[PDB]
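Enquirer: Produce the complete structure using the sequences and hints provided.
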Amino acid sequence: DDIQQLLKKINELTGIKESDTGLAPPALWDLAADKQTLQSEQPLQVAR
Amino acid sequence: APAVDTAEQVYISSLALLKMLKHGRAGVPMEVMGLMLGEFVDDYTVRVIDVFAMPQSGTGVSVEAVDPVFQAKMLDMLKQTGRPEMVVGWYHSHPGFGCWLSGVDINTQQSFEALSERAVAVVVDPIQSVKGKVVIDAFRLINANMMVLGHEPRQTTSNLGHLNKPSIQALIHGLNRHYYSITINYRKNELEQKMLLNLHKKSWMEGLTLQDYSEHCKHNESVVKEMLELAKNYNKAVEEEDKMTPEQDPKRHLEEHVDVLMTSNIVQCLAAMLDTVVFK
Amino acid sequence: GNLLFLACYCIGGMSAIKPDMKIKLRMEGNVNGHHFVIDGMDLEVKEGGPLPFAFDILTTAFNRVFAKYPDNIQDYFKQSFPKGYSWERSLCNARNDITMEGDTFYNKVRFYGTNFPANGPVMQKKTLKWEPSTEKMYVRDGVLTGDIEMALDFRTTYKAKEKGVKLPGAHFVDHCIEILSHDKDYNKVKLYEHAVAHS
Ligand SMILES: [Zn+2]
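Residue numbers (the numbering used here), protein chains in the order written: chain G, 4 to 51; chain V, 138 to 417; chain C, 94 to 292.
Hints were generated in silico from the structure; no laboratory data involved.
Where a beta carbon is used, it is the ideal one built from N, C-alpha and C, also for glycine.
Just so you know, not all the hints are guaranteed correct.
[What the hints assert, rightly or not] Simulated restraints on C-beta separations: (1) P112(C) <-> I19(G): 41 to 51 Å; (2) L155(V) <-> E15(G): 28 to 38 Å; (3) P143(C) <-> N301(V): 51 to 61 Å; (4) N282(V) <-> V236(C): 47 to 57 Å; (5) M167(V) <-> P112(C): 43 to 53 Å; (6) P303(V) <-> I110(C): 21 to 31 Å; (7) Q48(G) <-> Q265(V): 53 to 63 Å.
Expert: Here is the structure:
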């Protein structure tokens, strides 16, 4: 019983970790232009 | 550099608020808009004395929805009547969308602010304005250079600008990032309030008209029967009180029925006998 | 034959939402050979990559903004709001249009030109600067014509949508427009539009 309880203890405490989103390496970022596109360009729904 | 104080208020007149609500509802589910006239009394006051609607256009609510001919002629002829107030700002209705400014709303507000730095963009939700609460807000803007430099949009000198809390719905739609909410106060003098009081001011007559006596007796019968059932429940509950240490109430309902009975019958008796003795 | 089959049911959830329609401040032109379109005051050419001509030939065509006027000089630019002012610019000609195409508030600054010299100084991309230029603004036939000399003729005409605003007297507004920041390919540009009125 203690072995099972400790196993669940480790499982809940070990966590999740990343969960690392698709972030490009720096110096490839044009955050200014990215914001410009966000505030300027618009999405389009596709259709048949 | 001068900064707009957070204590600045928008004093909307009673007439302006009523016209704004009526026009906003009349255009549901479309978004209607119009111009608010008034005066910038000082750096901390924007008085909206009156607001006139504008003809609906298929564009929606944009800077192309202000027909120059309509605005100019309306202003000229109002000035003839005696209302020579400048165009303080503009208003439009977000039916069920809450109070905030969209990208195009921010755009038209930039256009208006180019006319005068002080200019408000009050919006009103006409279907969320159910009797009681009125869902309406007023926003100006934040200059982009002001925000990017890190300085706060508005200087603060009092608690007036923070008595009310911003809404989440407005906050996600850009509040405190591109536009700031301006506190709204309603200028209601005694005369306007007394005039509005006539809406439900009953009469000099219904103070003297007795209830339909058969209807009165039937109501008395029904309430007394309900009160009998409630008394049975009250007795049953009180018997439990004894065999129960400190650990809907048939009593509270009983008290409410008693109060309604006494008020109804006392009023009916007194009105009846006042009638007997004032009418010969 | 004796099939008599039941029927199941698989629903498909369906919904969408129109966002806040986004104003794209884009200019278009076909001055010499290329249908260049630029978004923008940071400038970025959308289509019509590295220009066969210099940028300056089109930098003068750049609502929502107006020159600074003193209290003595009537600010036709300012009081023409909220609607704004529409102008015809003659260099090559330029006009500003406000349209509702799609879900974008289009503030077109549509450009157009002709009579491009085969070795004119506008296409070799040579450029020093634009020296401060004074526009004499005056009314000819009910239209606010601004005559400006180009130094590096301009016959600007400004008409307000509110055709009731009084016409200011003939004054001399000094414009100082220079290409502040850019790249060699001229695809990431920052423009300066400073201009003050002078009586
Ligand atoms: Zn809106």
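Enquirer: At the C-beta level, are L155(V) and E15(G) separated by a distance inside 28 to 38 Å?
Expert: 60 Å, violated
Enquirer: For the range 51 to 61 Å, tell me whether the beta carbons of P143(C) and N301(V) fit it or not.
Expert: 53 Å, holds
Enquirer: Given a hinted range of 21 to 31 Å, is it respected by the beta-carbon distance of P303(V) and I110(C)?
Expert: 23 Å, holds
Enquirer: Can you let me know if the beta-carbon spacing of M167(V) and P112(C) is within 43 to 53 Å?
Expert: Roughly 19 Å apart at Cβ, these two residues miss the hinted range, so it is violated.
Enquirer: With respect to the beta-carbon atoms only, verify the hint that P112(C) and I19(G) lie 41 to 51 Å apart.
Expert: For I19(G) against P112(C), whose Cβ atoms are near 32 Å apart, the range 41 to 51 Å is violated.
Enquirer: Does the Cβ distance between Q48(G) and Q265(V) fall inside 53 to 63 Å?
Expert: 28 Å, violated
Enquirer: Measuring from beta carbon to beta carbon, are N282(V) and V236(C) in 47 to 57 Å?
Expert: 34 Å, violated
Violated hints for the displayed structure, listed by number in ascending order: 1, 2, 4, 5, 7.
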